[PDB]
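Below, in structure tokens: the form deposited without its partner chain, a single chain.
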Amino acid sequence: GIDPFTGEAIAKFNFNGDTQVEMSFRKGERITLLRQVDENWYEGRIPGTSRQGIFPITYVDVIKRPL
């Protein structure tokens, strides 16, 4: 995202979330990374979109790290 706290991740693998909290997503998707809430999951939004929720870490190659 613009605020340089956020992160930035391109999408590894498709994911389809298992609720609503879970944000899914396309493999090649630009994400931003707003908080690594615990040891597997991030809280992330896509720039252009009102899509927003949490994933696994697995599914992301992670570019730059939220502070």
The other form holds:
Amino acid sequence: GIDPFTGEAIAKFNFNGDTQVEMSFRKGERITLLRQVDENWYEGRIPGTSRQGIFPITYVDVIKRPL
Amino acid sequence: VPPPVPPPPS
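Coords for the form solved in complex with its partner chain, given the form deposited without its partner chain:
Starting with the chain above, the whole complex follows.
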């Protein structure tokens, strides 16, 4: 959990994103939250990979907010 | 059940 400004979440469900802008993931994956884009979407990334993109807030259980 | 996916950000 290196960066103090990042947030932290766990995927609640599989998320199949429609485009390259969305980051798809599977239930139970940990996600590093980078920013909250609006009321419905985070941008995040998966630790130890190059996966990054947006996904709905309703698909993740938030441990710590991004700053 | 996974919730419906909302419209992307504006």
